[PDB]
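In the block that follows, a single chain appears as structure tokens, in the form deposited in one PDB entry.
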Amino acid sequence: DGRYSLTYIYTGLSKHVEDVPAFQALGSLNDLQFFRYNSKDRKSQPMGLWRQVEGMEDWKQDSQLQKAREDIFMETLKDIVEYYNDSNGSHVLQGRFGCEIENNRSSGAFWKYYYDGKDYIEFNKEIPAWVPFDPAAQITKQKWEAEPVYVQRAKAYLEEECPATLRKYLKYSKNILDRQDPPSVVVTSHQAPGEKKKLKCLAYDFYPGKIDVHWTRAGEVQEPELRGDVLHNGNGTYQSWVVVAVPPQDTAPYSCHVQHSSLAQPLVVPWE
């Protein structure tokens, strides 16, 4: 088995904007979004290829779970805004949480909040405790640690419930998540007549996103002067590219290397 993750982004606004739900929720399996929810419709909706999967989750039931989470989340926002007494300005709270498994063993988890884009509070499950980054998070910390069972429940969600949901979802999502699309490659060059040649290598049309694209000079990896990535959200493919500068007096042979999980071995594309 490989690495899999289940992650969530919850976002909440203190100030109503027309046609924008105050509370918005997104869930992801690896880099693919599988469900959404908002405060207008108040319904857990599957997304993408999970619209055609049956039995993974009871979405009607999960909508009740999300309503409950909405109320506690928005109450936390309300408390922060009341702490600063800016009850007429626009403010945002974002919570992010999730877990990971590799080789079917838990390999990570996190649970963090941001207020107006800055670190607010995070759960450190190894202590265990909520760690505040902002004066107002002292009040939130104390509500969430008012009884010694709350911390243990928080730890247990990250270490037991989140991985159990992930393992459940994998039995239904394995084909979707194990998609292997191999990269195609394009190599480019340009130069002023007798000056530094710029060589660019681009891998594209690939999934999953993890990849290593690099130039070698006679086998030795070169440091790019420029690099970049692309994600086409629609078809769910990626691209990744690097540029190196080659002195006009450099005669060594350059190749582009592409290491990706869909390949038996790295693609090596010489530039001649």
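Positions refer to the first chain, counted from 1. Heads up, when I say rigid core I mean the largest set of C-alphas that superpose within 1.5 Å between the two forms. Only residues modelled in both forms are compared. What changes on going to the form deposited in another entry:
- With the core fitted between the two forms, just one of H91, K168, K78, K196 shows a Cα displacement of at least 2 Å, namely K196.
- The angle of turn of the smaller rigid part against the larger, between the two forms and from C-alpha superpositions, comes to 27 degrees.
- Listed in sequence order, 181-207, 209-272 mark where three or more consecutive residues have CA shifts of 2 Å or more between the two forms on superposition of the core.
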Given for the second form:
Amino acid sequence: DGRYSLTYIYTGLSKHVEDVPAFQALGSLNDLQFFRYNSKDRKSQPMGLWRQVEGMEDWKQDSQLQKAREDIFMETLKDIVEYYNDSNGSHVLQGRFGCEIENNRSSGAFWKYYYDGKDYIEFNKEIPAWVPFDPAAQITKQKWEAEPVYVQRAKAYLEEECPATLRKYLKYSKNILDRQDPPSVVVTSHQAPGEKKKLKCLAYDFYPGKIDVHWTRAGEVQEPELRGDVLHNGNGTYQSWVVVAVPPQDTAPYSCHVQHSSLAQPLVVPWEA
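How about the form deposited in another entry, since we already have the form deposited in one PDB entry?
There are no partners or other molecules in what follows, just the one chain.
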């Protein structure tokens, strides 16, 4: 088949305000987020299109898995902070890990951490072993490879467990991930006195995100003055817009051109001056 990826992002704060949960976890399949979890509610909740999907995962049991990871992740953050002697400062530890398959064949995986935005430590499953980037990561590298077993386990997760889990979610998610929802396009305009007229083209409610939206002046592609696009996760749809500035006297016709995988033919919307 095609490419599919399973991704997780853990974020921990040494010091956080009351609303703000100290630990936050989120998972994604391709471009969409299918679940979340935070240190406050301590609950693994499905998201977007998966909110209606049942049997894919035991959210109760996963909530326990996260609670575990949390304790561990946060403790690591604790140690690091201790190293730099700033136990009472605001710091962040971010973990990102996952795998991906292409043609039903494992095609990669990763596991990396970021302390305060900087690269901290990263796992190389081909060695297998961790790679330090930050001085403290050396201590952490130490601990994490204390027993020969550890590195083996890590390699296993990425090469075995992760992909396995990806496989199962696919059984419940392929559809969501495979959608070919065409974009609706709308042309709009703005005009302030003493300024060039601005034409805006908006493509929306489409999926996948890959799309081509551009303006043409009498048939010649026009470089946009402003671009912009968004993903609405709970929804599963994208929105991409482009704005051109049309000179005062210009009479050349302006049309918006939208190309997308779900469309057999490019969609063209002219601007009726």
